[PDB]
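Undergrad: Listed below, chain by chain, are the residues.
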Amino acid sequence: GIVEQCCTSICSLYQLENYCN
Amino acid sequence: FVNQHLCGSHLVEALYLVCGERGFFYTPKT
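Chains A and B are the protein sequences, given in the same order. Numbering-wise, PDB author numbering puts 17 at position 17 of the first sequence, and it's gapless, one number per residue. Numbering-wise, PDB author numbering puts 26 at position 26 of the second sequence, and it's gapless, one number per residue.
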């Protein structure tokens with residue numbers, strides 16, 4: 001179960017700016 | 001400096017200067 005968010009699909013200045021709130 | 005941040009210590013680095021603190025989720029599913 002290793003997701004691939006921001007590691008090879010999506011993520012690029014837009015959804016981050018809050019990875020930890 | 002956010003560029004090609006896909007694994008390889010990138011998600012960590014880019015995250016080592018965004019939260020401004022040492023402590024985040026970084027946890028997979030069980």
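Source of the hints: derived by calculation from the structure; they are not laboratory data. The reader is advised that the hints may include incorrect statements.
Unchecked claim - Partial selection, computed: residues in chain B whose CB lies under 10 Å from chain A: (1) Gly-8; (2) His-10; (3) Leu-15; (4) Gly-23.
Said to hold, decoys possible - If you want a taste of the chain B side facing chain A, the calculated C-beta under 7 Å gives, among others: (5) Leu-6; (6) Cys-7; (7) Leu-17; (8) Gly-20; (9) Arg-22; (10) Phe-24; (11) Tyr-26.
A virtual CB, placed ideally from N, CA and C, is assigned to each residue, including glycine.
Undergrad: Quick one: which hint numbers does this structure break? Sort them smallest to largest.
TA: 7, 8, 9, 11
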